[PDB]
Amino acid sequence: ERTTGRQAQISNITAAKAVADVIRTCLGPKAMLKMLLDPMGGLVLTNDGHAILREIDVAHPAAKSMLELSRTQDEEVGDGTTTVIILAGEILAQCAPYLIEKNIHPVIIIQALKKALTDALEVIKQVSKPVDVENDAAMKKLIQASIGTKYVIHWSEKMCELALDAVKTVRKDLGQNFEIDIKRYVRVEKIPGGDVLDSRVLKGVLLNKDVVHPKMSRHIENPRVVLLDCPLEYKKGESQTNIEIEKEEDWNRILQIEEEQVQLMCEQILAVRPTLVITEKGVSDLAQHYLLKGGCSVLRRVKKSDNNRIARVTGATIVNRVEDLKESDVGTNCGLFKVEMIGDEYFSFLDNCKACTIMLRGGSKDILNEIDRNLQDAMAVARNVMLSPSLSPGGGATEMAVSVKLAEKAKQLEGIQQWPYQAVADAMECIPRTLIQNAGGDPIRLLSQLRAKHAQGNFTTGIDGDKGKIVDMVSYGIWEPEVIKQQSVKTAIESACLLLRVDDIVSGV
Amino acid sequence: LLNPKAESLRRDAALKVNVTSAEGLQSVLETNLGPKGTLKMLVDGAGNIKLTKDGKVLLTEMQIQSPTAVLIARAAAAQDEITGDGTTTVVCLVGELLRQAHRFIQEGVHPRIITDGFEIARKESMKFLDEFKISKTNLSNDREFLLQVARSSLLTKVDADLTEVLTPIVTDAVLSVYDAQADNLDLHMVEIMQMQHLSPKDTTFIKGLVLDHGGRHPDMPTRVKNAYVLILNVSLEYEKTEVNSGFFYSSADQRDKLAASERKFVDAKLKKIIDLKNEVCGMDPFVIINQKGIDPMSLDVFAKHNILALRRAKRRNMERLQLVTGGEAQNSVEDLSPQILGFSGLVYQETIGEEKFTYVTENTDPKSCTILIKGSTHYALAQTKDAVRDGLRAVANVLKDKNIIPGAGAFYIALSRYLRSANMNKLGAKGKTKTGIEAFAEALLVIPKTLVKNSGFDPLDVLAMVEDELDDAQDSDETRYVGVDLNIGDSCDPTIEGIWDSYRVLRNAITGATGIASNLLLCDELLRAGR
Amino acid sequence: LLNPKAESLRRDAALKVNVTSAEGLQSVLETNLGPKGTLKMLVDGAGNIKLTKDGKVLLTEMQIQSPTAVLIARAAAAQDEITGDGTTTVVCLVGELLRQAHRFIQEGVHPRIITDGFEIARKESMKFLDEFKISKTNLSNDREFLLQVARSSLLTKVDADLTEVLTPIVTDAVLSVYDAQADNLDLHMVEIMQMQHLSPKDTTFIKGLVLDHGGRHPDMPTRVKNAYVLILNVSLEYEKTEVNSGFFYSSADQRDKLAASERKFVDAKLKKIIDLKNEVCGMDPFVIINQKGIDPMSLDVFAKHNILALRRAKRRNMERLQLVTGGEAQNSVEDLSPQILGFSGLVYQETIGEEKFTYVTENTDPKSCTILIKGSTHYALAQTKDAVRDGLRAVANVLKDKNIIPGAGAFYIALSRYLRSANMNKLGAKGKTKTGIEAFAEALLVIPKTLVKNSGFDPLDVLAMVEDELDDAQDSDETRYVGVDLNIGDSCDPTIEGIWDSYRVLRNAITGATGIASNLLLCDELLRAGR
Ligand SMILES: Nc1ncnc2c1ncn2[C@@H]1O[C@H](COP(=O)(O)OP(=O)(O)O)[C@@H](O)[C@H]1O
Ligand SMILES: Nc1ncnc2c1ncn2[C@@H]1O[C@H](COP(=O)(O)OP(=O)(O)O)[C@@H](O)[C@H]1O
Ligand SMILES: Nc1ncnc2c1ncn2[C@@H]1O[C@H](COP(=O)(O)OP(=O)(O)O)[C@@H](O)[C@H]1O
Ligand code: BEF
Ligand code: BEF
Ligand code: BEF
Ligand SMILES: [Mg+2]
Ligand SMILES: [Mg+2]
Ligand SMILES: [Mg+2]
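Protein chains in written order, with the UniProt record's numbering: chain V, 13 to 188, 195 to 371, 375 to 530; chain P, 5 to 289, 293 to 538; chain Y, 5 to 289, 293 to 538.
Heads up, a few of these hints could be off.
Here are the computed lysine-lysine pairs in the PhoX-like style, where the Cα-Cα straight-line distance is at most 20 Å [to be verified]:
no.: 1; chain 1: P; residue 1: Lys439; chain 2: V; residue 2: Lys490
no.: 2; chain 1: P; residue 1: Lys273; chain 2: V; residue 2: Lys356
no.: 3; chain 1: V; residue 1: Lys265; chain 2: P; residue 2: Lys244
no.: 4; chain 1: V; residue 1: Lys488; chain 2: P; residue 2: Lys441
no.: 5; chain 1: V; residue 1: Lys488; chain 2: P; residue 2: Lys439
no.: 6; chain 1: V; residue 1: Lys254; chain 2: P; residue 2: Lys244
no.: 7; chain 1: V; residue 1: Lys233; chain 2: P; residue 2: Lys321
no.: 8; chain 1: V; residue 1: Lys488; chain 2: P; residue 2: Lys433
no.: 9; chain 1: P; residue 1: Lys299; chain 2: V; residue 2: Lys233
no.: 10; chain 1: V; residue 1: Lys311; chain 2: P; residue 2: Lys276
no.: 11; chain 1: P; residue 1: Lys374; chain 2: V; residue 2: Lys42
no.: 12; chain 1: P; residue 1: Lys321; chain 2: V; residue 2: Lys227
no.: 13; chain 1: P; residue 1: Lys9; chain 2: V; residue 2: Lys29
no.: 14; chain 1: V; residue 1: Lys265; chain 2: P; residue 2: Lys437
no.: 15; chain 1: P; residue 1: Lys20; chain 2: Y; residue 2: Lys268
no.: 16; chain 1: P; residue 1: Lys437; chain 2: V; residue 2: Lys490
no.: 17; chain 1: V; residue 1: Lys265; chain 2: P; residue 2: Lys261
no.: 18; chain 1: V; residue 1: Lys233; chain 2: P; residue 2: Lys374
no.: 19; chain 1: P; residue 1: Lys244; chain 2: V; residue 2: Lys253
no.: 20; chain 1: V; residue 1: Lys170; chain 2: P; residue 2: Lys127
no.: 21; chain 1: P; residue 1: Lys439; chain 2: P; residue 2: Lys127
no.: 22; chain 1: V; residue 1: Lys221; chain 2: V; residue 2: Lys321
no.: 23; chain 1: Y; residue 1: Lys363; chain 2: Y; residue 2: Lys229
no.: 24; chain 1: V; residue 1: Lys322; chain 2: V; residue 2: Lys375
no.: 25; chain 1: V; residue 1: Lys42; chain 2: P; residue 2: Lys437
no.: 26; chain 1: P; residue 1: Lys441; chain 2: V; residue 2: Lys42
no.: 27; chain 1: P; residue 1: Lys407; chain 2: V; residue 2: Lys311
no.: 28; chain 1: P; residue 1: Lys131; chain 2: V; residue 2: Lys170
no.: 29; chain 1: V; residue 1: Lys356; chain 2: V; residue 2: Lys221
no.: 30; chain 1: V; residue 1: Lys201; chain 2: V; residue 2: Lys311
no.: 31; chain 1: V; residue 1: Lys76; chain 2: P; residue 2: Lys9
Hints in this document: simulated from the structure, not taken from any laboratory.
With the rest of the complex left out, here is chain V:
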């Protein structure tokens, strides 16, 4: 029913702490795969944090808040998902003692944490170095960084390629910020089989819809594309259109009219001399015929999302009513119209030998979803940099810097206001630690050394994954988008600040 007092507080903290506990063995280069079972049927074999926590229903309110943190974070940057959860926990946990043990009110611990966040954020931008968003080589060895710790690493280079080759493709600066809608303009397409490398980033689209009529062009050299909303069949009246006939030879009259309007429609289209007509709706058998000899291949039923991406790699602006069909609505700038038959399943291409279609190949419909998600992380950190050319010391280095500059300051602040501040510092340290642990090396040992080396000797010094020894980032490098280090710490400290505002929990609508 009800639970006021530290009772509340505790269960919240423990709850939140437990959330972390699950995916903590998923943060690191040697991170394991949490094969989860969804209710609907299938499975999820991913190790990408947010993709795990999504597939786990929780009860305790805090555990629900803690769980959605991984989502809002997966919405800002594509990466840094697992990290925010672990941090968001350790913060609450590291407050636990001064929260009750040292009887500090939640207002005070909040007043400090909100303060320690800003200072902490400084130390992030302070250690961050900028980068050439255009230097293909830098972007690659940047995207590569956030491809490690995932099944997609055995082709790491191959991945950053398909990543950049797609981030830049749908990009479109615009200024009067840079707009990169990976979502609506980079439709992926996972096709079972082949090899990983056998996957490319076609600059166009790929529909499996075949051709409306047999004897129709399998591939127009340079096709003239015409995209339209409206269907291709005899329309009807949006009023009480009811016909009364007693005039004998009138049946034939009307029944004919239908053929007649389908004709007109074919005309208006055929007019601008098209070779490829792709409509979102249907295609009357009649209309097929008049578009056959009219000289063009037809494609019926294609999703809006599928269509509007075509209209960016054909230029062919989509148009509804045909009696208004302009000639500006061309089909210029569009290579071939291949129709490769991929294992008993016909496809259609529209490459040009603004929106690309990443086509992945692996070894199962299952294994592909691993790739797709892994790729998304790549293609997202690429976008981040595109809109914030700043990077942060990976290997948990940044995380340790903030640990010290804060630890130092806290110790030199004096007042009850110090303890909560001190905790944010002590908290931060958990990431290089989770890393060192999931590496196998001795946490107490490596950290003391990493922390010390940090205290003076440079701040771009994190821990090396497969190794387990402290290395300098600059050295073997593994910087990550500075944006990630923003959110991870922004919302984590917020989460903590929210849950700490709770002193009572109640049940009933």
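Dock chains P and Y with the ligands against chain V, hints included.
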């Protein structure tokens, strides 16, 4: 830690399970592997008996609940859905792979080291294949070689004598649709009409296209010898007003006048065709097929002029028939030219009691055949088709990929050995990562062993023989392909027996099984949350 | 085939299960193996917390339902019931043995070939042991060597600092009861009195015998300094007529006369003793113990003459006390001589609130000590005893068998290697039977691996080291014992560290585990019939 409900095998228990299951599924399909496999007869909850020996069949035909057994099944189906062959091999490969790996996990080696090894071995395996394959000239018309591919991928599911019956019927079909001079082919153009009555040994190869829907009218042509063929697709039956309509006669017989007025729209478009069978052969030297319907009154008109009229045809037959005859798929009847009908020699409608069966025999430019599968029962008619498909997509693959691989597990016993002595003096690998490639190597010996395990002769022994009769022609130089003879128990030359594994299968089997296994091994917790 | 009900895992499924289970039980007890093991805390259905790290404890303390898990448990209990040590090792040995064997079964080799190999290897193992052992002089009084045996079989279940506390207390006890000059010993003569209060580190060694039942009377001797001790066994309390009897007084006080008449039978036999404590030390320089009872009125008589009277003593103490004092176990009081009492120096009754605790300190011819186990709680008092026993029966075994074996898995890593290169150039085996001995050989590496698996340092790596630091002193000749150092991760000399495995344990561990495993492998069907 947790929240109520939601179970989860963790730590090495989760891996224990994963491997457990895999090993299991493996053993259950090992039986239907090799020509000397086992024919299971499974019946569903309705009593539909069905025979098989095709891993895929048995696999999608069962209800599996083991999560690991699914990820392995799905990846195996995804293989018969691309290479059309080797669905069985891949389940063994991911099984045996996990066993071989679990041995070094069980001793301590972190799984990530056995997975690293796998990828390394995988590449080296796929390199070795490209050096192992046998580029066969695009030169088709080598029906001899192809008939060995037909039998190869057939004995894997056929009544022996029936292998010899289907071996040609398949090859000729693939060829018949394949377009010489490199190019390509779409198997969809090989209709697979199947009919009951008379055993599955009686099945036949039609160079044309056989269909069901015959001329449904008494006074129809029992057999149109030598004639044109019209590819029709416009509704030759009564229709209605696309907008709400109704008749309203005020006069006694005005009724009647309006009666014919409805049918007249038919004859309008129906005349445009009937005079075509006049305007061409209007004096005897003929048949329309039509995808849509043909009502009674209309069937009369066609039966009147002796025009075999078929209705409701398989819509994909538009394209198939448009090759069996040549004539354009005539959608509308308006712009209908007499110089666009198709041509077929004998086009006869074999009536089999209530069942109609129109054939499109004698063609000039076939380009689209029909494998007529005969068979007394449904269970056989089923399996026979599942044998043809798994052996037709098998020949057409020998063409697509202009390479082939010696069977009898030659490639496996090879790659296996190679990797062993490779890293011994390669070190082009890693530190303790040698384990994983060592496993992968030993793993591969699934197929050869299992191949004989099914035959009979002791796996361990006969495989030992191949390992000997092999290096024999190595210590004497020269290349000699070696495989397991599943009849004697000695080794033999796959190429000489006529035993071939399609290249694209092996390329999508190894990269596949590893993808699963190697991703399974990195699994450390099986959740089950989210009501 | 069958009859309703009654299930039965058959074919290789039955073997699958058997090995499955074994492997399992194995993993569950691996943890409490080695000094660097794991302390589990198991609670029953009543809430009786109890700590352990002794395979036997954990094993008989659990409810197992797996048939194979029983045959393995029972054979493991049958080991702690003879050698008193190594209950854990034997479960691993039968586990790992089945795994190593299942590998060659899985490849084809008939189990009967792997069992044949086992027996062959077994003999060769037991031969090798007799050549590996270390005959230690029957010369006891080598408390130094024995104190290393005490610590060896103690760190396997002790709080470290407490090992040093019990290491002597055990050895001195074994010695104290052992009869020098070859002869023999019966551990039963080492009372193991245990009492609550004050941690299990405070436990003590008594050269005499400590007991509970004190002198239950106020005016009793709080401490009989220097005196005789009477071993009594006749009922010193009221009795009844062995045949149905009853009193019938007709007179007012005839009642009374008959009152004392009943008690008088007591004093009759009771006088024969009270004058003995006169007839000896009837002037001060004393205590009776009695197995049976001593009613009130009688306790007065003894308390009157200052005779510490104890009643209801542990009946096996007749023999233990008959060594702590020398005096004959005086059954009846008739033929009771004053020259047959026993002698003890300070015999004081430490009263611990309601609890009485009489000690029999200062003895001339001990021959029967008492290890007083102290301990705050019951869980500790439990485990501490289970540690002493498993380490006392451990020292007394070093004596019985005048041989010893270097620990740290020296003998295992040895026999393992031996068998490998043995048959390579022995052929004193059989045909395909080499498999079984090969397995058995590889099998043995359980203990060394598991030993370090618990410590931490990677099994595969550290064991590799021993395999090196070993042949190093072989390619240079000379014999050098090698074992796994569970502190560093390098090898070391067991003999130098003070690490010993009792001979009789190893002799009954190998012959044991093989007996089970080898008989399990020949199993092909698990019935479950006969309601
Ligand atoms: N190559 C590596 N070596 C050491 N640390 C790495 C390496 N790769 C990722 N990191 C660090 O680990 C975290 C990223 O791990 P990851 O498993 O990808 O979690 P997320 O889902 O948040 O990306 C960051 O702190 C990053 O600095
Ligand atoms: N007669 C044969 N002798 C040796 N190997 C053969 C023989 N015929 C075909 N095989 C083997 O059959 C194996 C494939 O088994 P099959 O039962 O066809 O399952 P799938 O093809 O679904 O994996 C191939 O590896 C091939 O080497
Ligand atoms: N400190 C040590 N270093 C290496 N081996 C030791 C050490 N101390 C005892 N052992 C090993 O302990 C093993 C026995 O394990 P234990 O836990 O005593 O189970 P059990 O004795 O019931 O089999 C022996 O094989 C012995 O070699
Ligand atoms: F592992 Be994270 F989501 F890239
Ligand atoms: F049995 Be397989 F699919 F050839
Ligand atoms: F753990 Be054992 F019984 F020495
Ligand atoms: Mg990442
Ligand atoms: Mg096959
Ligand atoms: Mg022991």
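Cross-check of the supplied hints:
1. Under the criterion of a C-alpha separation no larger than 20 Å, the hint pairing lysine 439/P with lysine 490/V is consistent with the structure, at around 18 Å.
2. A hinted pair counts as satisfied when its Cα atoms are at most 20 Å apart, and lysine 273/P with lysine 356/V does not qualify at roughly 36 Å.
3. For the hint pairing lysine 265/V with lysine 244/P, the CA-to-CA distance comes to about 16 Å; that is within 20 Å, so the pair holds.
4. As the CA atoms of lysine 488/V and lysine 441/P are separated by approximately 18 Å, the hinted pair is consistent with the 20 Å bound.
5. The suggested pairing of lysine 488/V with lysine 439/P holds, with an alpha-carbon distance near 13 Å, which does not exceed 20 Å.
6. Pair hint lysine 254/V plus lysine 244/P holds up; C-alpha atoms about 14 Å apart against a cutoff of 20 Å.
7. Of the supplied pair hints, the one linking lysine 233/V and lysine 321/P holds, its CA atoms being roughly 16 Å apart against a limit of 20 Å.
8. As the CA atoms of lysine 488/V and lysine 433/P are separated by approximately 23 Å, the hinted pair breaks the 20 Å bound.
9. Proximity of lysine 299/P to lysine 233/V is assessed by CA-CA distance (about 18 Å); at most 20 Å being required, the pair is judged to hold.
10. This hinted pair checks out: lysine 311/V and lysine 276/P have alpha carbons roughly 18 Å apart, not beyond 20 Å.
11. Taking the CA atoms of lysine 374/P and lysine 42/V, the gap is about 55 Å. The hint is violated against a cut of 20 Å.
12. Between the alpha carbons of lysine 321/P and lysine 227/V the distance comes to roughly 19 Å, so the proposed pair stays at or under 20 Å and holds.
13. A hinted pair counts as satisfied when its Cα atoms are at most 20 Å apart, and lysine 9/P with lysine 29/V qualifies at roughly 19 Å.
14. The straight-line distance between the Cα atoms of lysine 265/V and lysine 437/P is roughly 91 Å, outside the 20 Å bound, and the hint therefore fails.
15. The hinted pair formed by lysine 20/P and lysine 268/Y fails the criterion: a straight-line CA distance of about 78 Å is larger than 20 Å.
16. For the suggested pair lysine 437/P and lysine 490/V, the alpha carbons sit about 19 Å apart, so the restraint of at most 20 Å is met.
17. The suggested pairing of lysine 265/V with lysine 261/P holds, with an alpha-carbon distance near 9 Å, which does not exceed 20 Å.
18. Taken as a hint, the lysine 233/V and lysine 374/P pair is honoured in the structure, with Cα atoms around 14 Å apart against an allowance of 20 Å.
19. A C-alpha spacing of about 15 Å is found between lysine 244/P and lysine 253/V, which places the hinted pair at or below 20 Å, so the restraint holds.
20. Of the pairs offered as hints, the one joining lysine 170/V and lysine 127/P holds, with about 15 Å between alpha carbons and a cut-off of 20 Å not exceeded.
21. Restraint check: the Cα-Cα separation between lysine 439/P and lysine 127/P comes to about 18 Å, which is no more than 20 Å; the hinted pair holds.
22. A hinted pair counts as satisfied when its Cα atoms are at most 20 Å apart, and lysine 221/V with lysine 321/V qualifies at roughly 19 Å.
23. At most 20 Å may separate the alpha-carbon atoms for a hinted pair to count; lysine 363/Y and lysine 229/Y meet this at roughly 17 Å.
24. Restraint check for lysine 322/V and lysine 375/V: the C-alpha separation of about 16 Å stays at or below 20 Å, so the hint holds.
25. Proposed proximity of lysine 42/V and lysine 437/P is supported: the alpha carbons are some 16 Å apart, at most 20 Å.
26. At roughly 18 Å between alpha-carbon atoms, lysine 441/P and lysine 42/V fall within 20 Å of each other, so this suggested pair holds.
27. Pair hint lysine 407/P plus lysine 311/V does not hold up; C-alpha atoms about 33 Å apart against a cutoff of 20 Å.
28. For the suggested pair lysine 131/P and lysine 170/V, the alpha carbons sit about 18 Å apart, so the restraint of at most 20 Å is met.
29. Among the hinted pairs, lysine 356/V with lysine 221/V is consistent with the structure: their alpha-carbon atoms are about 13 Å apart, no more than 20 Å.
30. Restraint check for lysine 201/V and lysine 311/V: the C-alpha separation of about 38 Å exceeds 20 Å, so the hint is violated.
31. Annotation: proposed proximity of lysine 76/V to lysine 9/P holds, straight-line Cα distance about 16 Å (limit 20 Å).
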